[PDB]
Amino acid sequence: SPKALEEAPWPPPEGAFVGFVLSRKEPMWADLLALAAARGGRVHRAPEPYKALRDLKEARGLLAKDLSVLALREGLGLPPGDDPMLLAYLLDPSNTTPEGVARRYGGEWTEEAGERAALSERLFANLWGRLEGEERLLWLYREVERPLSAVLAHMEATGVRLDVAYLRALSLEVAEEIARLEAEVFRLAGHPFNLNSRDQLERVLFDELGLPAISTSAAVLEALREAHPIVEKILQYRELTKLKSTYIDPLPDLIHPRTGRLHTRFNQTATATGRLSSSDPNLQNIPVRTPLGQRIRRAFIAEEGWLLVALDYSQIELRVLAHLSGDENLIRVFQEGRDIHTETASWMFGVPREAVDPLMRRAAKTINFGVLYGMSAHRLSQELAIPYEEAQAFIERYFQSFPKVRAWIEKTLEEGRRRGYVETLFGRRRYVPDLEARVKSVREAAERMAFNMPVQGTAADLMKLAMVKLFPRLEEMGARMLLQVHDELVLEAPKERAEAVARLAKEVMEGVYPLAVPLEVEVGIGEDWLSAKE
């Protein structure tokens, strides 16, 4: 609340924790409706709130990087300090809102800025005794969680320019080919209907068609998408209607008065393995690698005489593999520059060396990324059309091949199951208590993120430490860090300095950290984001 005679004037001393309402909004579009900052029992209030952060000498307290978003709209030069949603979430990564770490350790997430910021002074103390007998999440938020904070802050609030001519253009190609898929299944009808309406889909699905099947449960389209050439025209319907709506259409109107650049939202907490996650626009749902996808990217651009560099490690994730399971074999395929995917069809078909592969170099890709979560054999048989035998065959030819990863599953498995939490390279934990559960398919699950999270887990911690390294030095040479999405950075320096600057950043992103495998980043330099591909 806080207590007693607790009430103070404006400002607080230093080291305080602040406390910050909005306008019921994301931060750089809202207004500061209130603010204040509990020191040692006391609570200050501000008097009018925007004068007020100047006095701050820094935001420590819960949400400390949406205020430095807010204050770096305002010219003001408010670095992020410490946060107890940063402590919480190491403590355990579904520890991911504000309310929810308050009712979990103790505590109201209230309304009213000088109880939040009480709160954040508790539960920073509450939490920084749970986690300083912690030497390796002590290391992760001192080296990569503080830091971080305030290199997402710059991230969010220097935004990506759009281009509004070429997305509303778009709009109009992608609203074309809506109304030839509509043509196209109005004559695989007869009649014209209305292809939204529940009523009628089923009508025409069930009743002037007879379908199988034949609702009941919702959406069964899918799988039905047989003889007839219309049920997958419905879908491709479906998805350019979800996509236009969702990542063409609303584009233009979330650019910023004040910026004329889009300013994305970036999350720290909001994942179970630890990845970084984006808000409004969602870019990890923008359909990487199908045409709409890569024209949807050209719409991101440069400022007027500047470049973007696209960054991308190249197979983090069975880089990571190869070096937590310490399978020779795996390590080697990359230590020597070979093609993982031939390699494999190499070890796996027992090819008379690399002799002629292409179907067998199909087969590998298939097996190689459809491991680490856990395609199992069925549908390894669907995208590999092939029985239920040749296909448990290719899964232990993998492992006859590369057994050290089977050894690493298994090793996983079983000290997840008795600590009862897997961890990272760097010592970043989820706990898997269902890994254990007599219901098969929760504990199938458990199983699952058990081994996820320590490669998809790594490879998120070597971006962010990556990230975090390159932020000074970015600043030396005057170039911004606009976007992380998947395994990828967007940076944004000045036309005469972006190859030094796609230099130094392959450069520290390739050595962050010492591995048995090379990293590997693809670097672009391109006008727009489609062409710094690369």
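The term rigid core refers to the most C-alpha atoms you can superpose between the two forms while keeping them within 1.5 Å. Residue numbers count along the first chain shown, from 1. Compared with the form deposited in another entry:
- Just a single entry of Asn285, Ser376, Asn329, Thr110 exceeds or equals a 2 Å CA shift between the two forms, which is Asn285 (rigid core superposed).
- Shown in the overlay between the two forms, fitted on the rigid core, is a CA shift at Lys233 of 2 Å or greater.
- A movement of the C-alpha atom of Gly260 falling short of 2 angstroms is seen between the two forms when the two forms are aligned on their rigid core.
- Residue displacement note: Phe206 has its CA displaced by at least 2 Å between the two forms (rigid core superposed).
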The other form holds:
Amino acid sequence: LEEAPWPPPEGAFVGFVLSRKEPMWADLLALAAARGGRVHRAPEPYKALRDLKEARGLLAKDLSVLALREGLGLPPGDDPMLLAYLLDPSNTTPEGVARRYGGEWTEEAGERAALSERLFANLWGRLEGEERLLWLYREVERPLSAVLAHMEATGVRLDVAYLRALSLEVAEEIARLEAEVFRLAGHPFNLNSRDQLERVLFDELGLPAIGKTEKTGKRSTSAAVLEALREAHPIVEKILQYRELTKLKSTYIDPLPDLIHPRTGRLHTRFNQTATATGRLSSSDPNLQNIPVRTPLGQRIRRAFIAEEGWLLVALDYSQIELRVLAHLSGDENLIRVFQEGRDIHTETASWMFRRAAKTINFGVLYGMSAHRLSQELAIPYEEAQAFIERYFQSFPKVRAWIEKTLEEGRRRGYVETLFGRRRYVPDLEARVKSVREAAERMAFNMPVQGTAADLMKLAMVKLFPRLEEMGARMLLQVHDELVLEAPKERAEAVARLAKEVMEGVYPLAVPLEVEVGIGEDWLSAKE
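For comparison with the form deposited in one PDB entry, would you give the structure of this protein in the form deposited in another entry?
Here we give the lone chain, stripped of any partners or molecules.
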């Protein structure tokens, strides 16, 4: 309540306001600090930002990123958001956290500062006795905050000219497809409108409408529905190609070039730390965790991500991290042997259940896929699909046992846990409507494996980052079970070696963790 002049005492909680949500692009409108119960408001923010030793408060990372932008080394420290997020992943927003635990998220810097000091005490207390959740805060989450700050502030270098050339070329190909579609349509119309396209296909042309949209109940025109109509008419062939190009052009090719920062000449994403229910990171503004890789055009877009002059990119990907984690949690002897002997999984899992059929189940068992789905995709009847599943479990029994065990606990305790003890509360496991319940169950037993893979990758980044500094290298991107680094080409070899070891042995399980590494000048070449 008391107002002392700037600056504040040591260890004060920071509050701040931005002109916009992206710290790399925002203008610092005001900052303040709180300690004990009194507030310190800065006359001139950018100047005053140098008096601080660490950014400590709600959204600590954001301010830290902006400080880095200004050439200031202001590391992020404590953040009540991370405490609330560990107590319950559904706590994803300051406004929400405040409205739940107390206080009010306003747009006045001083008010935000006081809010941080109070909410921190509150939540830090609520974390009394919860040692495993406390271990995650000290040893993983809080330290990762500072790593992510350097990733966002470093950005990635982009080949802008390359994407300009590619935009025109792709624009050229879209023109040919739009044309031949209008020809078979008998008239022109908006192809980007699924409402217009529904009419031409299912009414004008005499095509069968197989499925409906969720909320409104219209005849769907999704790629699945379309693929099924591939034989009925040559028009859908071209529409499927049209969608492919438009998607890749509207989302990646056109926008990314226009998001280069002038001060850096690089592209800057945001890594959100309290955004998912399983403990995963998410990415936005822009999302660099969903850059295309599959199709030919998609691969060309990924070549536009390049290293600095005199530097190389280093790409490290875990192999079947989620399946290897399931082996550890399930304790299933057989599945462990497959990994322990270091053999190709999707062939050994076939041999020990009697190729294609082997993969789809391993992929889908984590998601608890429908017996009808395996029948639909693998192009096999319902009974053969339904039998294969029972056959998979007869081979890996402790897996099925682990699923049933997991759900029983979730019904009793109200939550499920990862190996390190990250909680997700899943309510409707005792729902009396089967579809609601069985949906909640799928959410339930998946969380520990996705969440445990997320814990290991997070922990590796924490351990790796100090080592990269000793060698003058950088952490650039993260894609759930992948990392992209940047080293000087003189030392990139050694960095790839060390990074691999750090990731693999981050937390020895019942099986080994394997990492595939590659070095290239662009994101694409650094894998092939």
